[PDB]
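Starting from the structure of chain D, add chains L, U, H, F, Z and W with the ligands where the hints point.
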Amino acid sequence: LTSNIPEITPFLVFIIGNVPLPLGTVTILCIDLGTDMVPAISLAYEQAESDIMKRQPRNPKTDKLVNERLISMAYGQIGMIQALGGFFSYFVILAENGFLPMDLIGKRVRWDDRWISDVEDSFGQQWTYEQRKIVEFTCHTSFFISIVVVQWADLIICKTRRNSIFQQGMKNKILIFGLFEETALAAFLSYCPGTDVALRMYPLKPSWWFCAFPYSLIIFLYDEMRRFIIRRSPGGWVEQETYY
Amino acid sequence: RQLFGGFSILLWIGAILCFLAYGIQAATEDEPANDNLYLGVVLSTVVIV
Amino acid sequence: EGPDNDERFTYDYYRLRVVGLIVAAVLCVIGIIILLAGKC
Amino acid sequence: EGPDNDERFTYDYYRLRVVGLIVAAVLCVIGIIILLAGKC
Amino acid sequence: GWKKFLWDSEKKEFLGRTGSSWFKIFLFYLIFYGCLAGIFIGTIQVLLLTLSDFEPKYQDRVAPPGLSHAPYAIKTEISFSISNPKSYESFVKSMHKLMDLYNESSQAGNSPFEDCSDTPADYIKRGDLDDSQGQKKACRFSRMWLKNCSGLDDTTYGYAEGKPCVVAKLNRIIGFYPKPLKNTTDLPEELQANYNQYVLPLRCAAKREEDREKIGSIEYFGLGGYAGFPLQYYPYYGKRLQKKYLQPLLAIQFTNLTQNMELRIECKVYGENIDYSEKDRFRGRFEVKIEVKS
Amino acid sequence: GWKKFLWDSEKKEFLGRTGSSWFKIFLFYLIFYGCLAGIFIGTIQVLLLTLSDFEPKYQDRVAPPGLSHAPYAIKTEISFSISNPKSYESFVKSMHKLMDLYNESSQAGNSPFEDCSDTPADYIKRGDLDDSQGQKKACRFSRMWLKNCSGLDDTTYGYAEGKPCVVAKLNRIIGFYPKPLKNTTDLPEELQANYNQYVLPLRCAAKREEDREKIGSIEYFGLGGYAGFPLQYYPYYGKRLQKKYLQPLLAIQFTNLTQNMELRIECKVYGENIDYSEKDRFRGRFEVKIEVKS
Amino acid sequence: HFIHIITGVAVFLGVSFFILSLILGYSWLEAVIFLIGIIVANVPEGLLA
Ligand SMILES: C=C(/C=C\C[C@@H](O)[C@@H](O)[C@H](O)C/C=C/C=C\[C@@H](O)C[C@@H]1O[C@H](C[C@@H](O)[C@H](O)C[C@H]2O[C@H]([C@H](O)[C@H](O)CC[C@H](O)/C=C/[C@H](C)[C@@H](O)C[C@]3(O)O[C@H](C[C@@H](O)CCCCCCC[C@@]45C[C@@H](C)C[C@@](C)(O4)[C@@H](C[C@@H](C)CCCCC[C@@H](O)[C@H](O)[C@H](O)[C@@H](O)[C@H](O)[C@H]4O[C@H](C[C@H](O)[C@H](O)/C(C)=C/[C@H](O)C[C@@H](C)[C@H](O)C(=O)N/C=C/C(=O)NCCCO)[C@H](O)[C@@H](O)[C@@H]4O)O5)[C@H](O)[C@@H](O)[C@H]3O)C[C@@H](O)[C@@H]2O)[C@@H](O)[C@H](O)[C@H]1O)CC[C@H](O)[C@@H](O)[C@H](O)[C@H](C)C[C@H]1O[C@H](/C=C\[C@@H](O)[C@H](O)C[C@@H]2C[C@@H]3C[C@H](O2)[C@@H](CC[C@H]2O[C@H](CN)C[C@H]2O)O3)[C@@H](O)[C@H](O)[C@H]1O
Ligand SMILES: CCCCCCCC/C=C\CCCCCCCC(=O)OC[C@H](COP(=O)(O)OCC[N+](C)(C)C)OC(=O)CCCCCCC/C=C\CCCCCCCC
Ligand SMILES: CCCCCCCC/C=C\CCCCCCCC(=O)OC[C@H](COP(=O)(O)OCC[N+](C)(C)C)OC(=O)CCCCCCC/C=C\CCCCCCCC
Ligand SMILES: CCCCCCCC/C=C\CCCCCCCC(=O)OC[C@H](COP(=O)(O)OCC[N+](C)(C)C)OC(=O)CCCCCCC/C=C\CCCCCCCC
Ligand SMILES: CCCCCCCC/C=C\CCCCCCCC(=O)OC[C@H](COP(=O)(O)OCC[N+](C)(C)C)OC(=O)CCCCCCC/C=C\CCCCCCCC
Ligand SMILES: CCCCCCCC/C=C\CCCCCCCC(=O)OC[C@H](COP(=O)(O)OCC[N+](C)(C)C)OC(=O)CCCCCCC/C=C\CCCCCCCC
Ligand SMILES: CCCCCCCC/C=C\CCCCCCCC(=O)OC[C@H](COP(=O)(O)OCC[N+](C)(C)C)OC(=O)CCCCCCC/C=C\CCCCCCCC
Ligand SMILES: CCCCCCCC/C=C\CCCCCCCC(=O)OC[C@H](COP(=O)(O)OCC[N+](C)(C)C)OC(=O)CCCCCCC/C=C\CCCCCCCC
Ligand SMILES: CC(C)CCC[C@@H](C)[C@H]1CC[C@H]2[C@@H]3CC=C4C[C@@H](O)CC[C@]4(C)[C@H]3CC[C@]12C
Ligand SMILES: CC(C)CCC[C@@H](C)[C@H]1CC[C@H]2[C@@H]3CC=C4C[C@@H](O)CC[C@]4(C)[C@H]3CC[C@]12C
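Chains as they are written, first to last, in PDB author numbering: chain D, 780 to 1023; chain L, 94 to 142; chain U, 4 to 43; chain H, 4 to 43; chain F, 12 to 305; chain Z, 12 to 305; chain W, 290 to 338.
Bound-form chain D, shown alone:
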C-alpha cells in the first residue's frame, strides 16, 4: 500500500499543474507485478518478535487487520516521501537536457500536440515532438527505478513492526533475495536491446541512479526512531497513532 501514493500523484499534478506526465502506465504495471511481489511474498517468512504463545486472543470487534494507523503510515508518511523522491529524479532528467522547472508549468497542451515540431526550452533550443517524448519516457524509467530504491528501505522498515533491525536481524534469506532480484529486474528492463520498441524504457546515465538514495536513507532513519519511542514509551502517542 505504500507504493500507491507515488503512483497516483504524478497524474494529479499533471491535470492540476499542467506538466509532462511523470509516471507511465506500462511502468506502473512493471512495479505493481514485478518489483513489489517477490518482496511482499518474502515478508511471510518473518519469525516472531515476542512470544506469540503468550498474548491473549485478538478481539474481533476492535483489533482489525487494516486500521487507520496503517493508512496513516503507508498513504500518509512513507508513500509521501517516496513520491517526493520520484519527482526529484524527474526534474533532474528534464533539467539536464534543457527544460528547467520554471518553463514546465503550462506546457502539457503543447507538449502533447503531435503537430508542433518547435518547442522552445529554457535555453532557446527547438525540440521536435518525438525528441521530447523520448525524454519523457526516460523520465518514466528513472521514476520506476526511484520507486525500487525507496522500496528497499520500505521493505526493511516493514520487516519489523516494533523491534529494531539490530535486534531481530536479517536472517531471512528470502528478503535478501528479493532485494537483489528487484534490482536486477529494473536494470534488465532498462538496458536490453529492444525495450524502447516493446515497453518504451530507455537507458539511464549512471549519475541518475543516485537521485533516490537520500530519500531512502531518510525513510530508514525516520522509521527507526518511530519504532524507538514505542518501545521506551508504552501506551504513548506514537503507539496509539502509528502502531498498526
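Do not rely on the hints blindly, as some may be mistaken.
[To be verified] Derived BS3-like pairs: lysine-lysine, alpha-carbon spacing no greater than 27 Å straight-line:
#	chain 1	residue 1	chain 2	residue 2
1	F	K68	F	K300
2	F	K22	D	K843
3	F	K180	F	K190
4	F	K108	D	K912
5	D	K886	F	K136
6	F	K23	D	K843
7	D	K950	U	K42
8	F	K148	F	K254
9	D	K912	F	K180
10	D	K912	F	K250
11	D	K886	F	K108
12	F	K180	D	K886
13	F	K290	D	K984
14	F	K255	F	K148
15	D	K886	F	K254
Think of the hints as simulated: they come from the structure by calculation, not from any bench.
Okay, now just chains L, U, H, F, Z and W with the ligands, sitting in the frame of chain D:
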C-alpha cells in the same frame, strides 16, 4: 466459484472498464493509445491465475 | 575545437548498455548464491 | 538465571583485541598495495 | 452506530476524537509536511546551482535538426477550397503569425541586428559562450527576400488562386554548424547545379513515382535566390546570449498543382551533420499533403 | 597604520569593515552556531532514549567489588595524638557523617524498611528489575548492632583513649550476589571457625611478618556478632528501584595498639566472586596506616 | 473490511479532485472522466496474488 471470489470483483470490473475504454477509443479514432488493451488483459490474467 | 565539434553531440550508449547488463547479470547471480547457500 | 548470573559481568576483550588487530593489519596491507601499485 | 460515531455528547467527541486530538494530529501533520516541503526545496535549489545558464549540459537528444513548417497543418494535410474564403483562414493566421516576427520595424538600429552579406557567406563566430562581451549580435533577415510569399503584396500568400506557399524552417540548435555536401562525384542528382557551398540545400519531391507528373513547378524563394539556408546565420548562441535572433527561412510555391486530388509532397534538406529517422518523420525532412479542391 | 586600521572617518569603518559587514557576519555566526547547538541537542536526546532507567547497560568495569572505609584518611594513614583533641577531629567528623545515615528516626514505619532476621540469613529477591511492584523494600540496619563504635555512647568512637574503630563497607553493585567460600578442605586458616555460610567474612592482618607482634587484638563487630556481611542485604536493586536502602557495615576495633610506631594493617574480604588486583589496592581489600602517637 | 476502506478513500479522492478541477475551469465531461481515472488507480492487483 473461485473465479467470482475474494476481491476478484474489484478486478473483474477493472478489466471490464479497461476493455470498454478500448472499445470506445478504437471506434472513435484509428490512432488511440493502448494503455487499456494491456491494462485489461493483465488485470484479467491476475484473476484467472 | 570549432567547426568540427561533432563529439559535442555524441554519446556511447552502446558501452553503457553493455556495462549495465554485465552488472545486472552479476547482481542476479549473487542473488541466487545467497538464496541457495545453506541447502548444500 | 538468578544466583549464578556470572556472565552478566564478563566481556571477551581477548577476542575483541584479536579481531581488531587482524583488521588493523589488513588495512595496513591494503594501504601498501595502493601505494606501490604503479611502480611495477 | 450511525449517529454515535458522528457525535456523542458525553465524551464531547466528533468522528471519534475530541478537540485536543484533532489539534495534536493537525499540528503534527503541519510540522511534518512543512519539513518535507523545506527539504524538497533545498534539494531543488542545489539543482539550480549545478547547471549553467548559457548552455544545456546534454545536447545529444537534438541532433541532427528537424524541419518544421508554417502553416500549421493537422495530420500534415493542407486542404482548402478556392471559392469559400472561410476554408484557408486557419492557415493564413499561422503563416502570418510566423512572418509577423520578421517585420522591419522590429529589426532597427545597430543592435542587435547588424547588416550581413546580401549573398550567402560563411560562418560568423561572435566569440565563446560567455557573458564577457555582453549580448551578441544577429544578422538581419528581411521579409521581402521571400518574393511571392511575404504577405506584403498578397496577404493571403497564394491560397486565394490555387498557388500555395510553404515557409520551411530549420530547428534552432545551440552551437550547431551546418555542413553541406561537397562537390565530389558522389552527390544526389538535384544538388549538382548551383553548388553554393555556403548554402544548405532544401529540395522537395513526390513520395510516390506516380505523383511526379501530377506535381507542377516547385519554385523556391530564399536568400540570394537559392533554395537553401545561408551558413552566415550560424551558429546560434542561445536565447540568453542572443535575444532578438532571427533564423533563416525558405519559401516554396507549388505552382501548377492538379485540382481535386491528394498530393503527397516530401521536402528534404541535405548535409553532413544531417540524418533522417524512419521513426521521426520531421528529422531533416517533412511531409505535406496538399489538395486544392475547387 | 596604527590609528587608521582602528578607525577612519571617510569610509566609516571600524577595525576594517563597516556596520553592515559586522552585522552580516554576526548574523551568519548566530544562525550557524544555532544550528550546531540544535543538532548536538538532538543527537543527545536520542541517546537519552537508547538507555534504560533501571539498569546500566555495561557492568563489567565494577567487578569484583571494592572495599571502602570511614574514616576518610588521606594516603591511607590514621595518625592522631591522644592528648591534643584537635588532632582526630577530621576523622570523627567523617565517621559521624557515615553513621548519621543509619539513625533509627530515618528507618521508621512499614516502608520501605521491613524487619529482617536478627541473625544472618540467605538472599531475598523482591522480583525483577521493573516498575511493576513499585518501590521495593530494603532491610533495616540498626546502629546499636555495632557495639563499641556507634557514636551513641562514646561520640568520639574510641580515638579518645588509644583504641580506634574502622567501619568497613562493601561497594554497592546492582544485581550482585555475594558468594562465600565453601567448607571444603581448601579454605584459609582463619575462615575455618564460625563458618556462617550466610556471612561474607572480613579479616584484617599485618602487611609484614614483623608487625604481627606489634598489632594487638582485632575485635570485629557486626550483624549477629560475626565478622562479616549478612547475605540478606543483597542483592541491591539500584537507586531508582530502592531509594532509602542501607548497606551492611562492619566495625573493627584495633585494641592493644603499640604506641609511637607506624603499623600497616591490611583488611581483606573472602568469597567466590571476589578478586583482588595488584594495581587497585581497594578491590576487595584495603590498607590502613595507624599510628597512635601520644 | 479491507475492501471497504480502500473504496472509502477512492470516492473521497475523486469527489475532491472533482470540485478542485471545477474550480480550475474545466468542463463537466472532462472532469467526470477524471473522477473515473482516480478511482481505478486505487486498486492493489498484487495484493490478491
Ligand atoms: C474512453 C474514455 C473517455 C474518454 C476517452 C477519450 O480520450 C476518447 O475516447 C474520445 O472521447 C473519443 C470519443 C469520440 C466521440 C465522438 C467522436 O468520435 C466524433 C468526433 O468528435 C470530435 C471531438 C473530439 O475530438 C473530442 O475532442 C474528444 C475529446 O472529448 C473530450 C473533450 O475534452 C471535451 O469533453 C469535448 C466534449 C464537449 O466539448 C463537451 C461539451 C459539454 C459537455 C457541453 O457544454 C456541450 C453541450 O452544451 O451539451 C449540451 C447537452 C446538455 O443537455 C447537457 C446538460 C449539461 C448539464 C449542466 C450541469 C453541469 C453541472 C453538473 C453538476 C453535477 C455539477 C455542476 C458544477 O456542473 C453544476 C453547476 C451548474 C450550475 C452548471 C450549469 C451550466 C449549464 C451548462 C449546460 O447548460 C450546457 O453547457 C449549456 O446548455 C450549453 O449549451 C451552453 O453553451 C452553456 O455554455 C456555458 C456553460 C459552460 O461552458 C459550462 O457550464 C462550464 C465551463 C462549466 C465550468 O465547469 C465552470 C467553471 C468555469 C467553474 O465553475 C469556474 O467558473 N471556476 C471559476 C473559478 C474562479 O474564478 N476562481 C478564482 C480564484 C480566486 O482565488 C454557459 O456558461 C452556459 O450558460 C450555457 O448554457 O451543474 C448540448 O449537447 C449542447 O449545448 C452542447 O454544446 C475529452 C476527451 O473525452 C476526448 O479527447 C468532433 O470534433 C468531431 O466533429 C466528431 O465527429 C475512458 C477514459 C480512460 O479510462 C482514461 O484512461 C483516459 O484515457 C485518461 C483519463 C486520459 C488522460 O490521460 C491521458 C494520458 C495517459 C492516460 O491514458 C493514463 O491512462 C492515465 C492513467 C489513468 C489511471 C491512473 C493512472 O494514469 C493509470 C494507473 C491504473 C493502473 O495502475 C493501477 C494500480 N495502481 C492498476 C491500473 O488501474 O490509470 C491523456 O492523454 C489524456 O488527455 C487525459 O485525459
Ligand atoms: C546512502 C544509501 C542509502 C540506502 C538506504 C537503504 C538501505 C537498505 C539496504 C541495507 C540496509 C542494511 C542495514 C544493516 C543492518 C545490519 C544489522 C545486523 O548486522 O544485526 C546483527 C544481527 C543480530 O544477530 P543476533 O545477535 O540476533 O544473533 C544471535 C545468534 N545466536 C542465536 C546464535 C546467538 O545479526 C544478523 O542478523 C545475522 C547476520 C546477518 C548479516 C546481514 C548482512 C546482509 C546485510 C544487507 C544485505 C545488502 C542488501 C543490499 C540491497 C542492494 C541490492 C543491489
Ligand atoms: C533461477 C532462474 C534464473 C532465470 C533468469 C532469466 C533471466 C533472463 C535474462 C535475459 C533474457 C531476456 C529476454 C531477451 C530479449 C532479447 C531481445 C533482443 O535481443 O532484441 C534485439 C532486437 C533489437 O534489434 P534492433 O536494435 O535492430 O532494433 C531497432 C529498433 N528500432 C530501430 C526501430 C528502434 O529486438 C527487436 O527488434 C524486438 C524486441 C523484442 C522484445 C523482447 C523483449 C521481451 C519483453 C518483456 C519480457 C521481459 C519480462 C521480464 C522477465 C524477467 C525474468 C527474471
Ligand atoms: C514474476 C515476475 C514477472 C516480471 C515481468 C514484468 C511484468 C510486466 C507487466 C506488464 C507489461 C506488459 C505490457 C505489454 C506491452 C505491449 C506493448 C505493445 O504491444 O506495443 C506495440 C508495439 C508497437 O509500437 P509502435 O507503434 O511504436 O511501432 C511502430 C513501428 N513502425 C513505426 C516501425 C511501423 O509493437 C512492438 O513493440 C512489437 C514487439 C512486441 C513486444 C511484446 C512484448 C510483450 C511483453 C510482456 C508480455 C508477457 C508478460 C507476461 C508476464 C506477466 C508477469 C506476471
Ligand atoms: C525527504 C523526507 C524527509 C522526512 C524527514 C521527516 C522529519 C520530521 C520528523 C518529526 C517531526 C514531527 C514532530 C511532531 C511534534 C509535535 C507532535 C506533538 O504535539 O506531540 C505531542 C506528544 C506529547 O503528548 P503525550 O504523549 O504526553 O500525551 C498523551 C496523549 N495521548 C493519550 C493521546 C497519547 O508528543 C510526544 O509524545 C512525542 C513524540 C514526538 C514525535 C517523535 C517523532 C520523531 C520522528 C523522526 C525524527 C527523526 C528524523 C531523522 C531524519 C534524518 C535526516 C537525515
Ligand atoms: C548460476 C550462474 C548464472 C550465470 C548466468 C550468466 C549469464 C550471462 C551474464 C551476462 C551476459 C552479458 C551479455 C552482454 C550483451 C551485450 C549486448 C549489447 O551491448 O547490445 C548493445 C547493442 C544495441 O545497441 P544500440 O546501438 O541499439 O543502442 C541504441 C542507440 N540509440 C537508441 C541511441 C540509437 O546490441 C546489438 O546491436 C545486438 C544485440 C543482440 C542481442 C544480444 C542479447 C542481449 C540480451 C540479454 C542478455 C543479458 C542477460 C544478462 C543477465 C541479466 C539477468 C537479470
Ligand atoms: C570506497 C572505500 C572502500 C573502503 C573499504 C575498506 C575495507 C573495510 C574492511 C573491513 C570492514 C569489515 C569488518 C567486518 C568485521 C566483522 C567481525 C565481527 O564478527 O564483528 C562482530 C561485531 C559485533 O559486535 P558485538 O558488540 O555485537 O558483539 C561482541 C561479542 N563479543 C565481544 C562477546 C565477542 O560487528 C561489527 O564489528 C560490525 C563490523 C562493521 C560492519 C561493516 C559496515 C560497512 C559500512 C558501509 C559499507 C556499505 C557498502 C555498501 C555497498 C555499496 C556497493 C555499491
Ligand atoms: C607485504 C605484506 C605485509 C603483511 C604483514 C602481515 C602482518 C601480520 C598481520 C596480523 C597478525 C595478527 C596477530 C594477532 C595477535 C593476537 C594477539 C592477542 O590477541 O593478544 C591478546 C592477549 C592479551 O589479552 P588480555 O587478556 O591481556 O586483555 C586484557 C584484559 N583485561 C585488560 C580486561 C584484563 O595477548 C596475550 O596475552 C599475549 C600477547 C603476546 C604478544 C603478541 C604480539 C601482538 C602484537 C602486534 C602484532 C599485530 C600487528 C598487526 C599488523 C598491524 C599493522 C599496523
Ligand atoms: C531539516 C529541515 C527542517 C531544514 C529545512 C530548511 C529549509 C527551511 C531551507 C533549506 C533550503 C532553503 C532555501 C535555499 C535557497 C533559497 C533561495 C533564496 O533566494 C531564498 C531562500 C531559499 C528559498 C531558502 C529558503 C529556506 C530553505 C528551503
Ligand atoms: C537541521 C537543524 C536546524 C534541526 C535542529 C532541530 C532542533 C531545533 C530540534 C532537534 C531535536 C529537538 C529536541 C528533541 C527533544 C526535546 C525534548 C523535549 O522534552 C523538549 C524539546 C527538545 C529539547 C527538542 C527541542 C528542539 C530540538 C533541539
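Outcome of the hint check:
1. Simply put, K68(F) and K300(F) have alpha-carbon atoms about 38 Å apart, too far for the 27 Å limit, and the pair is violated.
2. Of the supplied pair hints, the one linking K22(F) and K843(D) holds, its CA atoms being roughly 24 Å apart against a limit of 27 Å.
3. Only pairs whose Cα atoms come within 27 Å are accepted, and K180(F) paired with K190(F) is accepted, the gap being roughly 16 Å.
4. For the suggested pair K108(F) and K912(D), the alpha carbons sit about 26 Å apart, so the restraint of at most 27 Å is met.
5. Our distance criterion of 27 Å between C-alpha atoms is broken by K886(D) and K136(F), whose separation comes to about 33 Å.
6. A threshold of 27 Å between alpha carbons decides the hint, and for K23(F) with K843(D) the separation of about 25 Å falls inside it, so the pair holds.
7. A distance of roughly 15 Å separates the Cα atoms of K950(D) and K42(U); the hinted pair therefore holds under the 27 Å criterion.
8. The hinted pair formed by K148(F) and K254(F) meets the criterion: a straight-line CA distance of about 9 Å does not exceed 27 Å.
9. Simply put, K912(D) and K180(F) have alpha-carbon atoms about 21 Å apart, close enough for the 27 Å limit, and the pair holds.
10. Only pairs whose Cα atoms come within 27 Å are accepted, and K912(D) paired with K250(F) is accepted, the gap being roughly 23 Å.
11. Taken as a hint, the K886(D) and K108(F) pair is honoured in the structure, with Cα atoms around 20 Å apart against an allowance of 27 Å.
12. Between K180(F) and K886(D), the direct Cα distance comes to roughly 22 Å. Compliance with the 27 Å bound is thereby established for this hinted pair.
13. Annotation: proposed proximity of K290(F) to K984(D) holds, straight-line Cα distance about 23 Å (limit 27 Å).
14. About 9 Å separates the Cα atoms of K255(F) and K148(F), which keeps this hinted pair within 27 Å; it holds.
15. A distance of roughly 21 Å separates the Cα atoms of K886(D) and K254(F); the hinted pair therefore holds under the 27 Å criterion.
The structure is inconsistent with the numbered hints 1 and 5, although it conforms to all the rest.
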